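Presented below, as structure tokens, is a lone chain in the form deposited in one PDB entry.
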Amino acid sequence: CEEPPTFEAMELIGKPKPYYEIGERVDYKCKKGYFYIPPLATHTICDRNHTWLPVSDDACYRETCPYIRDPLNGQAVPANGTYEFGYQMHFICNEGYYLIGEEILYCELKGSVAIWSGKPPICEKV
């Protein structure tokens, strides 16, 4: 096999070789800001078809901004589904009930932690 994949959350351990013999195993690590969360794989092997076995960065977790209790009568559903930084929180209200706050709270880099965008919505009545 050639050089193992590159990921946005994982960094290969040891320096890249040009060629890897079949049955050779490479191991990765979470990049400076990440945290690994069991169980998922973070390594790979060079199979008999001289390709690497599938593997994902999707286990190395980037910090997270706190938790948001579903505003009574609307669920606090994430799109870009995750409470990690760099994404958003939206307050879709119930077919009818509209908002006293704002539809989307974006979670992102603040200092070292990551906090969402401002303060969350109230789901009132009509």
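Residue numbers count along the first chain shown, from 1. First, how it differs from the form deposited in another entry.
- Comparing the rigid parts between these two forms, the hinge point among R62, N80, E24, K29 is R62; every other option is more than 12 positions away from any hinge.
- A rotation of 43° separates the smaller rigid part from the larger between these two forms once C-alpha atoms are superposed.
Requested next: the structure of the form deposited in another entry (the form deposited in one PDB entry having been shown above).
No partner chains or extra molecules come along with it, only the chain itself.
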């Protein structure tokens, strides 16, 4: 087997090597900003014929921003149907009200944590 595969949500533990012998194991770990959820594997062994066993990075999900309920008399909607970082939250106030603290928040990654690009807005009487 040659240098193990690389992934987007999971990286290799330790420095890679050019060649690998049969029966050798290589381990990965969810990258910064991701986390593990059983039961999928994050390691793989170099079998008889020098091609690693099947392996994915699907056991590693992105960190999510905290929950945000609808701002009284308004509505908060996960623009991208997800709280995961790399996405956004949108706010539309109801008919008789108007929105103040502008009305898009971006769930972004900051270090090892997903956090909203700001604070929820509010709806007022009009």
